[PDB]
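Take a look at this single chain in C-alpha cells; it is the form deposited without the named molecule.
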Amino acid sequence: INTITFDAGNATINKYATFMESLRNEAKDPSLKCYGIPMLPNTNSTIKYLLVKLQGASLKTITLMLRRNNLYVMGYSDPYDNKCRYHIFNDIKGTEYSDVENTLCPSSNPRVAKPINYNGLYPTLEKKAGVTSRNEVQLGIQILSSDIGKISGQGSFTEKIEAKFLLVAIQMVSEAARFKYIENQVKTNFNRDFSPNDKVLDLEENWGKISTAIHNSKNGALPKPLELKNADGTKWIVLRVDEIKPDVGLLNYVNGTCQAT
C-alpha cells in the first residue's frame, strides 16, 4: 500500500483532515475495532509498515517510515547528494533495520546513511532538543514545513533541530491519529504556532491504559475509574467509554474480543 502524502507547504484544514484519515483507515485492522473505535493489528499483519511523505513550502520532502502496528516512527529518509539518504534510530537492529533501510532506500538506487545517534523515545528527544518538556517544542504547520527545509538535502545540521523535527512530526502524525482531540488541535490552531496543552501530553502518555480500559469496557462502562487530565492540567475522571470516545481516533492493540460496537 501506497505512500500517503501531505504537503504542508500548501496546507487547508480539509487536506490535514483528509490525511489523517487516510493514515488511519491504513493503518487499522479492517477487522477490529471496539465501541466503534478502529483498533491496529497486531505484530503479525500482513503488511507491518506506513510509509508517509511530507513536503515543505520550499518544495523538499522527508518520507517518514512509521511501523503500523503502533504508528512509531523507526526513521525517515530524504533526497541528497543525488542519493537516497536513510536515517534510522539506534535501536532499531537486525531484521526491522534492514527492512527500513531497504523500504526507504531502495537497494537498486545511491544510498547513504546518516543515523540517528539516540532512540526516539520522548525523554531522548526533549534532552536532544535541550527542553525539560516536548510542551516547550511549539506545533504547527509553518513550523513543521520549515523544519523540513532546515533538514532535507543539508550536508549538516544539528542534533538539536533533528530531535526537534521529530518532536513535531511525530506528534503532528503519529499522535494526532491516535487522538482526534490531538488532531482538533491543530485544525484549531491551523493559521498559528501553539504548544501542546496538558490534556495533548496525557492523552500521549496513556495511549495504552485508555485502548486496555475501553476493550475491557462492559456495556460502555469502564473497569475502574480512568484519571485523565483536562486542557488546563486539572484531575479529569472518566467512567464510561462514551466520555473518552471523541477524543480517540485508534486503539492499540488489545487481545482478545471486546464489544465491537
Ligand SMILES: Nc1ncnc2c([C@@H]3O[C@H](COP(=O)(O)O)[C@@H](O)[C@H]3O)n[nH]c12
The other form holds:
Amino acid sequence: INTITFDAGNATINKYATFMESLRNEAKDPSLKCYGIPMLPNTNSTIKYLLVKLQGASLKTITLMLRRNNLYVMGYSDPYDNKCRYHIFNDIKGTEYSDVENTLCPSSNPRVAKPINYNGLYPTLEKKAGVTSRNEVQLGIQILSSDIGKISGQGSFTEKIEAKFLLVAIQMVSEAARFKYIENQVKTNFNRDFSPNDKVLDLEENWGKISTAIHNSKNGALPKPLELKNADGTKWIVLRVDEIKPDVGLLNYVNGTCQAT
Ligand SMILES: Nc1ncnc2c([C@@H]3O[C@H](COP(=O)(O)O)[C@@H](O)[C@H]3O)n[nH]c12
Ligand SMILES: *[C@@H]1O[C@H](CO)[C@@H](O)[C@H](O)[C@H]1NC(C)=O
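For comparison with the form deposited without the named molecule, provide the form solved in complex with the named molecule.
To see the whole picture, the full complex is given below, headed by that same chain.
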C-alpha cells in the first residue's frame, strides 16, 4: 500500500500518535483479533511488506522496509549522489533480498548497494553501537532527526552511528507500534531525550510470550502467570488479559481461533 511517512523534523504528539495508528492499521490482518487487540497476518498475506519513510529537520529522508508478519526492519534506503542507496542486513538473502532491494530501489531507476555488514538482532546492534545494553542508547524525536542527518546522503558514516540510528528507529517505529506503552513513553517525553526504562526492554523481549498468552486465554484468564517487570525493574505478576491489554498495540501471529473480544 501507501508508504507511511513521519516527519520527525517538524513533529507533534498528535502527528506521532497518527503515525502509530496508521502503521497499526496497515500492518494488521483485517480479520484477526483476540480480546479486541489486532493481530498481524501470517507469512502468506497478499501484501508482505510495509515501507516507512522518515524525515529529519534537515529535510533528508530514510525509508525503512518492514516485513509485515512480525514488523521486522529488514533494511533501509536513502537518497545518495543521485541514486537510491539500499542497505540490507547480511542474513536477508535470495527471494527476500531481492524483494527488498527492488521495492526500496526499483530496477528502472539508478541504485547502489551499501550493505549492512551485520544482522538485525538487538545483541548484534548493541555490540556495534559500543554498549552493554540498549538502555544506554537514548531515544527521542530530536535524536531520530539528528541521526537521519548523520547517515542520509553521506558518503561515509561509521557502523557505530548506523547501529545507534537502527536502535532508535526499530524502537520508535516497530516497538512503539507493537506496544502502546512504548508509544506512550515517547509522547510523555516528547520534548526530550530519554533512556528506555526496564518495562520498555522487558516488553520488547516478551512480545511473542505475551501474544501467545493472550491468544491462549479463556474468559480473560491467562494460561499461567506471566512475570514481567515494572518501570523500576521490580517484578510484576500478570494473571488476566486486562492487566496487560493497556500496554499492547498489536499481537504477533498465533495460529488458531481465540476469543475475538
Ligand atoms: N530488526 C528488528 N526489527 C524488529 N524487531 C526486532 C527485534 C526484536 O525482535 C523480536 C521479533 O520476533 P521474532 O522472534 O518473531 O523474529 C521482538 O522481540 C523484537 O524485540 N530484534 N531485531 C529486530
Ligand atoms: C493452524 O491452525 C488450524 C486451526 O486450528 C489447524 O487446522 C492447523 O493444523 C494449524 N497449522 C499448524 C502449522 O499447526
